[PDB]
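My questions all concern the structure below.
Excerpt of the complex: some chains, original placement.
Here the chain labels run A and B in written order, and each chain numbers its own residues starting at 1.
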Amino acid sequence: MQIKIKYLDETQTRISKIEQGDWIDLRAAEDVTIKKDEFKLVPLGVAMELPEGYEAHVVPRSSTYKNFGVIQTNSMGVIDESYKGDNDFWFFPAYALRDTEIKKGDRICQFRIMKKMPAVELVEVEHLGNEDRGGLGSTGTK
Amino acid sequence: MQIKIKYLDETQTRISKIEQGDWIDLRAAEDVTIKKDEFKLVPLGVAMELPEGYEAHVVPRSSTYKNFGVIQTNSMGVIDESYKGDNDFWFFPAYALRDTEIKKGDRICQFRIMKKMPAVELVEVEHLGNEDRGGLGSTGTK
């Protein structure tokens, strides 16, 4: 399959697939500094058109916190198939847990593509008619 | 495919598929106020029965931190297929990074369905017999 990728400019480091990475690393489009307990959108310098029927998902790398002291505020970013315009540049919403500096080109998160959920009919019901599972730790801890 | 949806009551705003959203927005079932550095379960006012063989995933919207100053503590909630009883109402576990107010009907997260992983046999081995990949930033940062 093919992904069309448009880089923000010629100074962006090209992304690529590596042998031992099932997801593709994305890169900070510019230097970004963030103070402890502050938030910043980190631009990633790419816009894409994904294959027909696909969305993308973005998560941190396991070393992102170690190297950069940030967490991703939306947990996993969902890039909608429709986010494919010439100005629809991807971003990584970062919250800094310590003072930090991210440099241009640094690999701070990773993405993959996945088929979107199929079309679903939402059928309103008065009663579901199933037994309750419970949740929030119903199965205990041990 | 079909999802059966049972709303908590008649005051819940109905959820909807929108053209440019690959996931479907869910809504606070009531006003919720949360103090900085505190946790609150935000009820979403919906119980669902998903198509056979499917689970659901729930994440924040990208704008949830911006609009509401919260993160989702479990990162991506997994709605088990068995969570389909009449009292199995979905929730969003929120941790506030600043003082916040969420109003009834506010779209604070989003969901999609996905096929559950297949049945797997767990086969205990003494040795895997593969080369080590390493992890936690083994590929570096540049």
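Of note:
Following the convention adopted for this analysis, contacts are C-beta pairs under 8 Å (C-beta built on N, C-alpha and C of every residue); 3 or more make two chains touch, one makes a residue touch a chain.
Shown here are 2 copies of a single protein sequence; counted across the entire complex in this file, the number of copies is 3.
The rule we apply is simple: only the chains that are shown with their structure count from here on.
Centres computed as Cα averages put chain A at a distance of 15 Å from chain B. By the touch criterion stated above, chain B contacts chain A in their complex at residues 1-7, 14-15, 17, 19-23, 41, 47-49, 51, 59-62, 64-66, 71-72, 75-76, 80, 82-88, 91, 97, 110, 112-114, 133, 135-137, 139-142. Of all residues in chain A, those touching chain B in their complex are 18, 20-21, 25, 37, 39, 55, 61-63, 66-67, 71, 73-78, 80-82, 93, 95, 105-107, 116-136.
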